[PDB]
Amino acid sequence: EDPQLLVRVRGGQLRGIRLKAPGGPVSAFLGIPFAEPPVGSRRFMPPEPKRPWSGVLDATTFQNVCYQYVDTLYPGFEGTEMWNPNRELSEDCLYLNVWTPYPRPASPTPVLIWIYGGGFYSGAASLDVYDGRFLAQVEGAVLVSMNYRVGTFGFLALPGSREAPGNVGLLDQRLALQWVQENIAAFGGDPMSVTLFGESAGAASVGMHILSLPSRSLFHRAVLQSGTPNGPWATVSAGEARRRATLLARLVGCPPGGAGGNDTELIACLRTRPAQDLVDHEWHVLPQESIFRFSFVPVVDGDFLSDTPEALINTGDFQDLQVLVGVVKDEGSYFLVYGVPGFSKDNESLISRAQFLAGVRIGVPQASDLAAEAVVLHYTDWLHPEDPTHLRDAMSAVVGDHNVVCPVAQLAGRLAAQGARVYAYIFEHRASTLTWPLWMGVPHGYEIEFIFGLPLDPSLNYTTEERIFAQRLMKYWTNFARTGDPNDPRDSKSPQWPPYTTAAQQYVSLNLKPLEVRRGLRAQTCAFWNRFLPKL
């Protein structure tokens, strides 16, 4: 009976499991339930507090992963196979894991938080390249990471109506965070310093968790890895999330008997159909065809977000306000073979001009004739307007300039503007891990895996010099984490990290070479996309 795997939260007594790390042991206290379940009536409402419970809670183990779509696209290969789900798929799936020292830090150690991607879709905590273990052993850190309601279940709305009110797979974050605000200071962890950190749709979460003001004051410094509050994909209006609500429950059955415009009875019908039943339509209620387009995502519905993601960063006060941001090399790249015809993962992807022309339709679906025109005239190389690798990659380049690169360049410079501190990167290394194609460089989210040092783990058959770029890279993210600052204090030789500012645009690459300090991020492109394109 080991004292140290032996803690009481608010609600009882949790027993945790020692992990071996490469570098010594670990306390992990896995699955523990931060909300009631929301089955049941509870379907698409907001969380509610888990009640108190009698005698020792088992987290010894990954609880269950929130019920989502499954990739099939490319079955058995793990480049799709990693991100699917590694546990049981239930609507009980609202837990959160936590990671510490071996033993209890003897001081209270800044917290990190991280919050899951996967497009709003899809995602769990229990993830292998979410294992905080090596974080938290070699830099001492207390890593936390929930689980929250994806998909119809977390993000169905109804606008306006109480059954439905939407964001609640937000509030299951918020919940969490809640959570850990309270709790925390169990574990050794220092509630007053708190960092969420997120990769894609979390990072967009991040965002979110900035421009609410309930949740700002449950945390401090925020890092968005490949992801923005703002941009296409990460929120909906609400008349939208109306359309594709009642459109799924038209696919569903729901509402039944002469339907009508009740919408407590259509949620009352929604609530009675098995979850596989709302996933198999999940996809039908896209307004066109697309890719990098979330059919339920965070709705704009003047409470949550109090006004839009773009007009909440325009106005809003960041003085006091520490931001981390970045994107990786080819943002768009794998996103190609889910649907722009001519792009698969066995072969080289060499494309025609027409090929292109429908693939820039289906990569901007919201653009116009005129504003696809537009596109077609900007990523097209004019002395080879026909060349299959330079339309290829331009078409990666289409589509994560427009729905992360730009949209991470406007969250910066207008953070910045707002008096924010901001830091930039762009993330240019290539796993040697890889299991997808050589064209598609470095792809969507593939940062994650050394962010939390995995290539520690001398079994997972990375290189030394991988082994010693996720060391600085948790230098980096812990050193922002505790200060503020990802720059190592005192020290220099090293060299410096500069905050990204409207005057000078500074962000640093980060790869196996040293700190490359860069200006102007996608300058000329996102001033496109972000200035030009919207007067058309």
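Residue numbers count along the first chain shown, from 1. Superpose the two forms; the largest set of C-alphas matching within 1.5 Å is the rigid core. First, how it differs from the form deposited in another entry.
The Cα shift for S492 between the two forms, taken after rigid core superposition, is 2 angstroms or larger.
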The other form holds:
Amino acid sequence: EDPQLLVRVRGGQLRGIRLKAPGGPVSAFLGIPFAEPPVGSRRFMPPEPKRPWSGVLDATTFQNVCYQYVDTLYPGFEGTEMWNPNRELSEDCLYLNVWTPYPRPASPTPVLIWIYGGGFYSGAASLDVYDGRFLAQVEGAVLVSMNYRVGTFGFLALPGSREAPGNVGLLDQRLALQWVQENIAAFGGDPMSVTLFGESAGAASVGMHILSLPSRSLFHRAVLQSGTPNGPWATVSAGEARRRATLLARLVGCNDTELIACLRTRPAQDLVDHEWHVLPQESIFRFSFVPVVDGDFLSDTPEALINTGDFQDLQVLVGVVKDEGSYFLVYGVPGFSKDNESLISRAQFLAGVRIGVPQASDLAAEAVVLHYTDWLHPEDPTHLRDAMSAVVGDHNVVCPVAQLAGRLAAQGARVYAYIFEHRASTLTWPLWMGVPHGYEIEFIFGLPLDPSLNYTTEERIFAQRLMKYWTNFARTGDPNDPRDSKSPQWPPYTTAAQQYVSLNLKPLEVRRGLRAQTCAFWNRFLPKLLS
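Could you switch over to the form deposited in another entry, since the one displayed so far is the form deposited in one PDB entry?
All you get below is the one chain by itself.
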């Protein structure tokens, strides 16, 4: 047996596996349990710590994926399938993964913890895009990723009940963070240098750990890629969550205790079958079961918590891809398709705005339409299509990110910001979608270093830069290379100068103001309109 692959954590002994990365080997410990399986009577309940086990637990293979929607619309289409479960589904899914250098690091090593996205209804830490071997092998990082419960299983809430209090999916993530604190030193990891990073719902999750005090003792730095805890999709009120749970119960044949009991009798796939049917409006970029403002995990709305919080001793990296909104249009807006250019009419544009801004009044939707129309080409289908994409991306990601950045920076945080502008040469989504939601991730994780993946040389070199930025941030709270070139420097985001950088094949370029005029509209004016 290889000593390198044998590790004792508090629960018992594990055996991992030597994996091949392009530059040499890494030690990988996959499918480590961190919670009692949340099954039967534990459905909807907070996670409990995993009981100690005997002998040597095999940790050479990924565990099951938490029960979720599986996309079948386009069999064999990489653009969808790459996000689908790549192991069997099960409610028994609370496992985490650890990659380290081989041999184990000599000194304590900064740790990166990945929290995946997928609208809080989907995702797994086992997807190929989340493979930690490149970061471990090239940058020497200890990289951790956990499964957390998604959909009803993870966020169905009857607020105030003891058996379905909500947010148990975020409690799963927190327990995984507790586990890293307790155990990661045995892998060569430094528990005193832990960086969370995540994308979309994963980024929103990261932000919710920033805003939830018991999580703050578990990490030191944070990265939010294309998502935020604030904004229109990442949380619901207690009353809306109650409504959604109650309707879903009705839809599958069911006081809180009796209602949750009957829910616990239903096959997992019955809940997934009706998951979406409880959304109040015809919408896109809306997910039925998400974190709930409970007065507990979230003491208040994220909007309220980022406005009033002290973020003095926090470092944060945040950013967006060039085309945040395009991916979502094909899931609900008539006229849009992955299989044609989706050149839409003006009528389709006004109808699309109601779907992409589902909570907007007639008057508010009117303001959006008039702001995003180009009045020199008010009927040009191509402008209208690109405008539809912009409406959804700004409302849901870019302006919530600008809002968070400025609030953090103003209240003491050290903030770095980016826009990612390179379209992967290998993308199977059509060209009109540009740089879609989620297609920076593979570069950050360093997938282009895998020659068999048929990326370009430029892309390999790009990925190495991004791995450096991110691991420099994790080591130091600053993405800049602490000695090497130099330059141009990546400056901190501030309210005065509002500087951010472009991440693309050319060298860093510093820009100022993140959709400043347009996010003023979303962030300062439209709210005055509801009010």
